[PDB]
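Notes follow once the structure below has been shown.
What follows is an incomplete set of chains from the complex, kept in their original frame.
Letters are used for the chains, namely A and B, taken in the order the chains are written, and counting of residues starts over at 1 for each.
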Amino acid sequence: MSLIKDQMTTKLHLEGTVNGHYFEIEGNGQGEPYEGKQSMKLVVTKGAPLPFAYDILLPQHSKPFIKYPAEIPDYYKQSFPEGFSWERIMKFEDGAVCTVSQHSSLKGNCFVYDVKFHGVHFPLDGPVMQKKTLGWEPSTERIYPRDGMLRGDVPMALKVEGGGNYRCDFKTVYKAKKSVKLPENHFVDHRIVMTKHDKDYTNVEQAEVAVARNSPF
Amino acid sequence: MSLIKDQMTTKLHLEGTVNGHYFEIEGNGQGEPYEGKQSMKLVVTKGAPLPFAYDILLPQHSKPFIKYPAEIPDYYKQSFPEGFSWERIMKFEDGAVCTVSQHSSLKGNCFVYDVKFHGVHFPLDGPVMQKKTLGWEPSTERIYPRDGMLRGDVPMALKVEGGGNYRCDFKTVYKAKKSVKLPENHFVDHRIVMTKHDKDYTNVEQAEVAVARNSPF
């Protein structure tokens, strides 16, 4: 049994291959699950320095930290202690594709994250391989039940040098390891920021605010 | 020169072909452009009764009726009197595709809409050809400048009999016929409802509320 506390930690291990380059990342974070706020500090422990834009990894580093109104079932918080998995397809407008798969567990007051990240077909002259990205725009994700699990659809946008953007469609499927009450269609408004980085992004800190809601009308 | 009034009318002509079936629709509507509210009454004048779910047409029937905060440039309202065009790709999760193209002009206090609608690859046993849809869910559309024009990305969801949904990605490009001040990235929260229909949807009434905003945080 689990009663998620108003303060919880995170621990993350990510294995990635992007444009054939292997890397590993170790994360340690903290947040306020009921407030929809969290931060994480990350270290590239294998494959540094990364030859691609670190920004593509930010949204792969924590679904228990969404502020859910009492009226919308909280699929993520209800899954504990057994937890859940998620899988994501990232379709960039220049033909690049990432696939992501993730397991979320709970050890004491620490959520434990195990991530696989695979990125292919990044154009060598593109914003990702040329490291010309400048963080994600805020987003609104549609969350809805399907096939006894939960899906999330969000059109994402990376800021790029020159002041334009670079679009990526996220399709995510979230799977509880135990029976939980499914919500109805709703939305999550997100904002993810890289708060600090060293020169080659081997050391990064990032934060997210995420709040669930119904349509305003 | 144009000063859009707090009450304006709409007039629409749509030509469509879906799964090889030709049809035409005539619309007459009204709304409050600065309040983000409008309604329209439609008549299928050629190709009735429609052999497919009328719901796929609802979002092709009016961008001047978005409530824009003073702080976000209103691309649509600024385009008048010359107006704008839009083009949309609708990618359904069962492989069906619609393409839409539209011209918007202004005659007196009446916006005039001229629509081309093309739908292909609807599965014969699918919710659209089997008329098992039950209206659109609310949505949040990302609006952002690109290539001197405006784009909108929104993951849409049709309710279907049995209580599931049926997803459609909209990609829209909006093109002013004259120079206008482009906004920055923002969002439009939408809700579109079919308020009334006769038995075979030859006579439909529909309404939309649409409000532009920045991220809440």
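Just so it is clear, a residue touches a chain if its C-beta (ideal position, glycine included) is under 8 Å from a C-beta of that chain, and two chains touch if they have at least 3 such contacts.
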item: Complete complex - number of sequence copies, 2 represented; value: 4
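In this section, only the chains that are shown with their structure count from here on.
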item: Inter-copy rotation, subunit A to subunit B, in degrees (Cα atoms; steps of 5); value: 180
item: Euclidean distance of C-alpha centroids - subunit A vs subunit B, Å; value: 31
item: Complex interface listing, subunit A residues touching subunit B; value: 137-140, 142, 144, 146, 153-155, 157, 164-165, 167, 169, 185, 187, 189, 191, 209, 211, 214-217
